[PDB]
Amino acid sequence: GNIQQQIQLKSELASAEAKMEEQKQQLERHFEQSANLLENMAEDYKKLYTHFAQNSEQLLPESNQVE
Amino acid sequence: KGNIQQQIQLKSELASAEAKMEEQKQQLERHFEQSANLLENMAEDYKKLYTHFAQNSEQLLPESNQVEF
Amino acid sequence: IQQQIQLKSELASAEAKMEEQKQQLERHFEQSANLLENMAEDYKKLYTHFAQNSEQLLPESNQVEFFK
Amino acid sequence: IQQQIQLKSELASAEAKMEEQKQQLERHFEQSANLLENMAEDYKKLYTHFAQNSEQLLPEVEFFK
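Protein chains in written order, with this note's numbering: chain V, 3 to 69; chain Y, 1279 to 1347; chain B, 351 to 418; chain G, 284 to 348.
No lab work stands behind these hints, which were simulated from the structure alone. We put the beta carbon where it would ideally sit given N, CA and C, even for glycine. You may find that some hints are simply not true.
FRET-style restraints, in silico, Cβ to Cβ [to be verified]:
#1 Y/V1345 with V/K48: 19 to 29 Å
#2 V/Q10 with G/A323: 52 to 62 Å
#3 Y/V1345 with B/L357: 19 to 29 Å
#4 Y/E1346 with V/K48: 15 to 25 Å
#5 V/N42 with B/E415: 18 to 28 Å
#6 Y/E1291 with V/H53: 54 to 64 Å
#7 G/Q304 with Y/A1332: 45 to 55 Å
#8 Y/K1289 with B/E387: 50 to 60 Å
#9 Y/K1289 with B/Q406: 31 to 41 Å
#10 G/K328 with B/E360: 44 to 54 Å
#11 G/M301 with Y/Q1305: 21 to 31 Å
#12 Y/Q1284 with G/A323: 49 to 59 Å
Not the full set, but computed from the structure, chain V residues with beta-carbon under 10 Å of chain G [to be verified]:
#13 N4
#14 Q6
#15 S36
#16 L50
#17 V68
#18 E69
Using the sequences provided together with the hints, build the complete structure.
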């Protein structure tokens, strides 16, 4: 076809483009849930670390210098 | 512009969209595979930090009671 | 011989220290637990997320072993 | 008399155990402080794999930089 080929393309390019677009919608629903779930663990860690550095006063300042 | 020009371009941006979509597909497959790796890493290091506590609590507090450990 | 008062007090005292360092080791582990158990629960949250988005965003052909 | 000898050894027994308890509690910290610096190692990896896979997969993201 010369114009059936054309009305075909425009319709597989609108369907292609719509898949990309809203699969883009959920890739960013992914990296948004991802990033702050890390910020959960990074804060659950950063206070598990502090609990250890503070119960580090449970020794002489010589017998535990690390970290 | 015209009808043969506007055709050979659709032909290019449909191929460029199909190539883009397959690229995007095998770099999701890359992301969830290199994520499943680093996450199990995270788990097997927890199971280090957890059982280093599971024993040092029942081993430095003998008479004392235990919370789940 | 009556430097026995001193011995019997050094023994009530050093023994008290160990009774208080036993208070602190009970504290340290009981809130090392709930602080640990937090991390644990962030993990299987951040884990299952990468199990849903690993199959709600991806064909059936990448059955990455790690996810159920 | 002879219990100036039972006490003197009871002290040495308390004093050495108060002591071995201190360097077991010491070894319990050396091994913790290096086991969450394994988990800190893991975290940094997982995060930069999200930064370098949210930037390379999308246009504009929030946390990463």
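Margin query: 54 to 64 Å was suggested as the range; check whether the CB atoms of Y/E1291 and V/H53 agree with it.
Written below: 57 Å, holds
Next item on the list: Please verify that hint: V/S36, Cβ, nearest Cβ of chain G, below 10 Å or not.
Entry: Since chain G brings a Cβ to about 6 Å from V/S36, closer than 10 Å, the hint holds.
Note to self: 49 to 59 Å was suggested as the range; check whether the CB atoms of Y/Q1284 and G/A323 agree with it.
What the structure shows: 57 Å, holds
Margin query: Is 45 to 55 Å respected by the C-beta to C-beta distance linking G/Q304 and Y/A1332?
Written below: Between G/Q304 and Y/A1332, where Cβ atoms are some 19 Å apart, the hint is violated.
Next item on the list: Evaluate the given range 50 to 60 Å for the C-beta pair formed by Y/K1289 and B/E387.
Entry: 59 Å Cβ-Cβ, so the 50 to 60 Å window holds.
Check: Lying within 15 to 25 Å: is that true of the beta-carbon distance Y/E1346 to V/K48?
Finding: 24 Å, holds
Notebook entry, point to check: Going by Cβ atoms only, is V/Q6 closer than 10 Å to chain G?
Noted result: This hint is violated: V/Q6 lies away from chain G, its Cβ roughly 35 Å from the closest one there, beyond 10 Å.
Margin query: Looking only at beta-carbon atoms, does the pair Y/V1345, B/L357 fall within the given range of 19 to 29 Å?
Written below: 38 Å, violated
Check: Is 31 to 41 Å right for how far apart the beta carbons of Y/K1289 and B/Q406 are?
Finding: 32 Å, holds
Next item on the list: Return holds or violated for the Cβ distance of G/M301 and Y/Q1305 against the range 21 to 31 Å.
Entry: For G/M301 and Y/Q1305 the Cβ distance comes to about 59 Å; the hint is violated.
Check: Does V/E69 pass the interface check with chain G, least Cβ-Cβ distance below 10 Å?
Finding: For V/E69, the interface hint holds, since the closest Cβ of chain G sits about 6 Å away, which is under 10 Å.
Check: Once the shortest beta carbon distance from V/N4 to chain G is found, is it less than 10 Å?
Finding: Since the shortest Cβ distance to chain G is 36 Å, the answer is violated.
Figure legend: structure checked against the earlier numbered hints; hints not met, in rising order: 3, 7, 11, 13, 14.
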